[PDB]
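Take a look at this single chain in structure tokens; it is the form solved without the partner chain.
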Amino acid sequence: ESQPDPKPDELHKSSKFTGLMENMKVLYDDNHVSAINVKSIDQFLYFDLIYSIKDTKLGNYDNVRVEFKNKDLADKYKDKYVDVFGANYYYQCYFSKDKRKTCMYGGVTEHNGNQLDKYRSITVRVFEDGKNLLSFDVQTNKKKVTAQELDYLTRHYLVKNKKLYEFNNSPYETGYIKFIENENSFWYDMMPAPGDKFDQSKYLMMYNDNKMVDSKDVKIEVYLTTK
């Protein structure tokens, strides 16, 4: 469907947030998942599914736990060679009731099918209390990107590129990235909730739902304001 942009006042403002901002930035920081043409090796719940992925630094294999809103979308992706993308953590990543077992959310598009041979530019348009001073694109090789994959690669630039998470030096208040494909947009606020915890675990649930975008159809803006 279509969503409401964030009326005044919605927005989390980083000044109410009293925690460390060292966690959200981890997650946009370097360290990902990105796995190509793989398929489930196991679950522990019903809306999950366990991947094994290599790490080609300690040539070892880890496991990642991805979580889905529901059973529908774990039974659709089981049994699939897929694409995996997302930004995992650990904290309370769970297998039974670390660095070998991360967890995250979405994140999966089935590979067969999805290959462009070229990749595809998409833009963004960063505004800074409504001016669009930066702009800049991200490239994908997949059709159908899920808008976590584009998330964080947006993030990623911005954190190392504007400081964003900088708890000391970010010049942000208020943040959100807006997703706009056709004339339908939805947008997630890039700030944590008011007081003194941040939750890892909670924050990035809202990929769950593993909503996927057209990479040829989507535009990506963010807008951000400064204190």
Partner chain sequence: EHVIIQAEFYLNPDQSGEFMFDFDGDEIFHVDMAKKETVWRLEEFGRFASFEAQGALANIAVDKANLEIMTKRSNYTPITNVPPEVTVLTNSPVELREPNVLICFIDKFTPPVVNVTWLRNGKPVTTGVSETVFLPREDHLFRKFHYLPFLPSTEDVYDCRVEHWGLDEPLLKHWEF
Given for the second form:
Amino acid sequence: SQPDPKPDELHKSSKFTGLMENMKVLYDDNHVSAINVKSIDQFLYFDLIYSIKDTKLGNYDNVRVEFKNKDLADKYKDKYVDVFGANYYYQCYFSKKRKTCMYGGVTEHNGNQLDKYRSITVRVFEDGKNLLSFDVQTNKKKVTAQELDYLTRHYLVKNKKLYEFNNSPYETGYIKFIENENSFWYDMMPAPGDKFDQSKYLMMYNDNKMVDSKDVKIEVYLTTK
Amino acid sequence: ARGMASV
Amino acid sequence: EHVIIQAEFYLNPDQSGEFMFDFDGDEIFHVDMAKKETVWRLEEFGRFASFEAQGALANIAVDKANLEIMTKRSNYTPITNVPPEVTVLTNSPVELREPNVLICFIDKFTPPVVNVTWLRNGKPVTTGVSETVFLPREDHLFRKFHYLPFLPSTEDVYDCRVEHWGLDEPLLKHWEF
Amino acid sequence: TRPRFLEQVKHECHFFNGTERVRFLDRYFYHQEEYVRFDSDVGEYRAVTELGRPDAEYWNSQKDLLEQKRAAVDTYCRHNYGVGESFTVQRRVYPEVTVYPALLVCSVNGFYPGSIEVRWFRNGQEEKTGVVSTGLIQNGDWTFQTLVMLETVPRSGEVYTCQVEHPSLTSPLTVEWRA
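With the form solved without the partner chain done, generate the form solved in complex with the partner chain in the same format.
Let's see the whole complex now, leading with the same chain.
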């Protein structure tokens, strides 16, 4: 469905001069996750606020979830959903009636559960060669691409140093989701410049795109420097 | 440009 | 001489806001809160200055917070509707077959919510239309402009249809050559 | 039908003679009613109405933000003025002048800024009576327009001149119309 990246259309890490650490932290250990919850408020008409507490290091009590439009927000405002996404704090603003923010990552709870975890295989290519293949797990029939993107990248950070404090060992990289000979992809590298806007990068998830955990295949393409 | 903060 | 105003507003229960900069009555820019970017009134303005759009959201969140508080202090007193006066005029002198622009000027009204529709020979026109956001006035009511590019013709008639809770029924401002 | 509640905030910077005299105002409104404001020439928040009382007292207790607002004329007003001057204060768009009958009409369009001067002349002499102006009209796209009409008592071979003076021009702009 989507034409694969044409060389030169992909961001190049060498053209990024800021701290790659700002990208790394979005795909590190911390992320938002909550099961069977319902929104308790809204800041602007296209978002929903949830009261999810950061158990680990206690950084937030509330979470703002933004959607591409008002429709998406109304669809889940009063439903019990599962929430999963990469979150940010810098430039995170809202008020009810600290905090964190994110985009999409919402799936309706009921009828979306599985008794056991399903495995989605990821095949990683470095300079065209498949040197690593691993599986990521989910117990949702329908999962957001976001959750799968996060799980996949988090593994690569730990095992391939996908993102380091200063820069990255890779020049270009994109993650491709294949579901029934239908596909799309995301650029894993920061836009050119000296500053990285986490909030603007994560916005690509605000469409709340979902895939079938039973059908999806994941391919990651990385080029070396 | 600089913003002035609402209070 | 001159005045620069950073104007903001938050509206309940619509849960919408606006953040803009005004210079002597003209909008320099406003912030699109969903795309989180600066929208300059004229493109060229963007090549001379910059503005961190995300900063606007911090102010809007605080504005909603103050609204919540003032709503209670006032003992939930709601806003009084003030109907807008509408004027339809052209950008330049009219001449058959010469490109021009119809301007529908909506003035002196609150709250900042309006439905504006252009009509050509009684039927809705949506192609080529553009509009400004809500502009502040010194009496703290609002202004708003809607545009319709058109080619002057003797066989076409236009109407600017405005809907506002301060009106018992839709207002129609007519224009014809 | 649901009743509405509106909160407005206006941070204004007023400039007199360039940036020599600057006055800053931090204004808050409930609907269209101003309840509290900070004024540079006062140095503190004053409640405009009783609803603002709690705020003026609380905010004034915070010496941190008073310091911020007291420096606004420089850090906010004068700073922003410098940044936007080239395309706001110095914006110059010349007008388009059109003269057409049906009573003579002089239409001046698309000019910026608003300061303009339109005069009617009949055979080299300025017309005082029978001259009606619509005033300054804002188009909303950073341009103004105005129409100046002249009640005409016709004659053989007399020339009418519409003269326009505006800051974007070196000399007055002219358009002569002869019957």
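Numbering follows the first chain given and starts at 1. For clarity, a rigid core is taken as the largest C-alpha set superposing within 1.5 Å between two forms.
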Select from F167, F198, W187, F44 the only position whose Cα moves 2 Å or more between these two forms when the core is aligned.
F167
Core-superposed C-alpha of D30 shifting 2 Å or more between these two forms:
no
Honestly, after the rigid core fit, is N70 moving at least 2 Å at Cα between these two forms?
no
